[PDB]
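Asker: Mind docking chain A with the ligand on chain B? Use the hints.
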Amino acid sequence: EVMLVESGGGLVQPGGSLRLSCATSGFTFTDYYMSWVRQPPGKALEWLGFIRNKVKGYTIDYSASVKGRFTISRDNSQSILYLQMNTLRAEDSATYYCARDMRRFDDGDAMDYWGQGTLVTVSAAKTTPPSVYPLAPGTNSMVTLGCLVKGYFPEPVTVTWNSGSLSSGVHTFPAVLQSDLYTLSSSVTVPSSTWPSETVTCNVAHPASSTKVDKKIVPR
Amino acid sequence: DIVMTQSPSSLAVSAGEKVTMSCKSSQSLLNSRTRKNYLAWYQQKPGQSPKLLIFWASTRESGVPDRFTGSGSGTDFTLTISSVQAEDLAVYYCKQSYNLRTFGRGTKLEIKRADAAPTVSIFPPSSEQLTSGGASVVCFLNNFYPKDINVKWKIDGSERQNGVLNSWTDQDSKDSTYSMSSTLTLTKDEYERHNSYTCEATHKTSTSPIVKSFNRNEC
Ligand SMILES: C=CCO[C@]1(C(=O)O)C[C@@H](O[C@]2(C(=O)O)C[C@@H](O[C@]3(C(=O)O)C[C@@H](O)[C@@H](O)[C@@H]([C@H](O)CO)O3)[C@@H](O)[C@@H]([C@H](O)CO)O2)[C@@H](O)[C@@H]([C@H](O)CO)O1
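Quick note, the sequences are listed as chains B and A, same order. FYI, the numbering for the first sequence is 1 to 52, 52A to 52C, 53 to 82, 82A to 82C, 83 to 100, 100A to 100E, 101 to 127, 132 to 213, going by the authors' numbering. FYI, the numbering for the second sequence is 1 to 27, 27A to 27F, 28 to 213, going by the authors' numbering.
Pulled out of the complex, with its shape left as it was, chain B reads as follows:
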């Protein structure tokens, strides 16, 4: 099973540096071109560059946007792709993806598999942990619950319910900024013949503030 996991994202001050890594598995690393691609919030995909495979001597190439500012490299012993970013500006804040590129020209050519991405926020504002508030009702075969995650900076927070096993009926709302502090909420709808007899807990994660929180949704 092909797997690409991006790590190393976070809040970084303007002018700062940062090294993103991309652990891979499920395929023969050295055989592939690996590409870095980014996406600023609500913006298009931008290829930043690639590093070629063994047959090509792992030569590197870049987009003009980041050339001479960003550095790509690969640890073929561990199958890990790297990206060194220097002098980050606001324009660099984005989700960064690593993607498996070309193996054989005769085969193409495109980015076969993408990681989940890791988020970078270039900002002077300070990291702040979230307060997680359980949202219970104050009555009809189907009950809706929620979690209020109040800022908290920077993005993102991860929210799951019962460890991710509650995925259907889950709506999570994009974070809205409020004087350098984000707020988001999540909601789950389960049959009320099922709550509170079975537990509904939300799992909030804010990697930047190193916070992990489990909030059980109790009645009353």
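Take these hints with a grain of salt, some might be off.
What the hints assert, rightly or not - Here are the computed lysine-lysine pairs in the DSS-like style, where the Cα-Cα straight-line distance is at most 27 Å:
(1) B/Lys-43 - A/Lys-18
(2) A/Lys-148 - B/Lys-143
(3) B/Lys-209 - A/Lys-206
(4) A/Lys-45 - A/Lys-18
As the list claims (entries may be wrong) - Quick look at which bits of chain B chain A covers, simulated, 3 or more residues with Cβ under 8 Å:
(5) 134-142
(6) 165-177
In short, the hints are calculated from the structure, not lab data. Note that CB positions come from ideal geometry on N, CA and C, so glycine has one too.
Answerer: Just chain A with the ligand, lined up with the frame of chain B:
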């Protein structure tokens, strides 16, 4: 530095109907030797990483439904989705691989579906938030269509609009609906003075507002 332009910027189509979008290249992506065009199409569903659909302009990637089709040569390209499904909701990017790689700026595919009324839930401040002297009254408007909805917080009968934060989810991949959450934030001492907290949506599916409320003193 080949420049890639996509059109339309966005479009809305009902499930079942055919969709076609365009990719134009500032330079030819045709290799005369291989007789192939180095163009790829990608699908990025909401809240997801991109997925490959087509490479070489028209070669369908493994696993990709055959309702997706790529055509074109040189500088003019096209992606066709015969019979659109709700799952097809996404931003579609084209990308040249003729010289390094360069993405277009995407074509957003929205789904035209039937009108649908929101399911409304209201939540008093949690006791643990109240402990902090703050008070957030939260309201969920789930699975409705279209996106344009009017939510007004009536505190003790009177609209508020003070300290309100709203947030919509993208269209759903399954039922093509929207959800939104409205959060009214008060101070605790503010929250005790008033009693009636009403969240109401006036949506194009009714001239009668959909409303949920509690009375603080009944909690
Ligand atoms: C000057 C061209 C020479 O040979 C070609 C041709 O038809 O142009 C291209 C040769 O391409 C490769 C190869 O070993 O197959 C692969 C090329 O890939 C990349 C790159 O690594 O930069 C990436 C690709 O996705 C694509 O963007 C291509 C471009 O289309 C340019 O070719 O570049 C590249 O690595 C070249 C390398 O520069 C050496 O030429 O090698 C190859 O297909 C040969 C064929 O073996 C003989 O004609 O044709």
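Asker: All hints are to be evaluated individually against the structure, with a verdict given for each.
Answerer: Each hint tested on the structure:
1. B/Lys-43 - A/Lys-18: holds, 26 Å
2. A/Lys-148 - B/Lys-143: holds, 23 Å
3. B/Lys-209 - A/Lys-206: holds, 24 Å
4. A/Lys-45 - A/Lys-18: holds, 20 Å
5. 134-142: Result for this restraint: holds, n = 3.
6. 165-177: Per the Cβ count (8), the hint holds.
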